[PDB]
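Here is the structure we will look at, set down as structure tokens.
Note that one protein chain is taken out, while the other chains of the complex remain in position.
Chain nomenclature is as follows: A, B and C, assigned in order of appearance, with residue numbering initiated at 1 for each chain independently.
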Amino acid sequence: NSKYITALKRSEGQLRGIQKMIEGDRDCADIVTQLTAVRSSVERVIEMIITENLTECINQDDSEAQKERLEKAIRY
Amino acid sequence: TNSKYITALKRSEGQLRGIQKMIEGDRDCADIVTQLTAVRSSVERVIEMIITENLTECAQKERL
Amino acid sequence: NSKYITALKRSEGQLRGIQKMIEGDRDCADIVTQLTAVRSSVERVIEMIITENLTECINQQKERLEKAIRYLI
Partner (left out) sequence: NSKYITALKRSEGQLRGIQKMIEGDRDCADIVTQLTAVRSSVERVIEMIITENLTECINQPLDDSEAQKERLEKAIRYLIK
């Protein structure tokens, strides 16, 4: 649980860093590179919740477990 | 053009604080996945707007 | 088992058609959307084989558990 808190705190702080870069008129490729890392850290939190939710979801839903399986095959 | 993207990332920054409050109060994790997917999409929208901002008047900035 | 002849044979003719489209020097957006359709239907066949594997372990045991650790590589 609190793993996901600290990871989302990292993503929140990185978005504050990117705001300070846009304020500093930093280069748009440097902006896009850091925004890309934020996108990836949020997706990593999504992957970790869907992994944990699958591994208790098979020990038990309805047809929302196919969403979890769809997600894991698409990320694979 | 700066404050446009500042405001959009301030909105995403606060949505990540909201999702931390959702995790701390133990909500259904479909709701959490949906909100994080909205955060990822609003970040992707800012990426897309910045890239199509400069490549009209672009030298070289790229990404994968 | 023999449900999935048809989606895979469709994905075969789909990839043959993309080969003709690239041969026909046809538009790139059309080519990558037909390729994403291939990849999605192959993913859907993966998804159905995983899902009916996961139901078949329920009403009969490590076989659910290394199905779970398959999805997480």
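Heads up, the rule we're going with is that a residue touches a chain if its C-beta (ideal position, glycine included) is under 8 Å from a C-beta of that chain, and two chains touch if they have at least 3 such contacts.
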Remark   = Answer key for B:3, B:7 or B:41 versus the chain not shown reads B:41
Remark   = Contact residues on chain B toward the hidden chain run 41, 44, 47-48, 51-52, 55-56, 62, 64
Request  = In the full complex, which bits of chain C touch the chain not displayed? Write them out.
outcome  = 1-2, 4-5, 8-9, 11-12, 15-16, 18-19, 22-23, 28-29, 31-32, 35-36, 38-39, 42-43, 45-46, 49-50, 53, 70
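Throughout what follows, only the chains that are shown with their structure count from here on.
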Query = Linking chains that touch, what shape results: line, ring, star, complete or other?
reply = line
Ask   = Using the average of all C-alpha atoms in each chain as its centre, how far is it in Å between chain A and chain C?
value = 25
In chain A, residues with contacts to at least two other chains = none
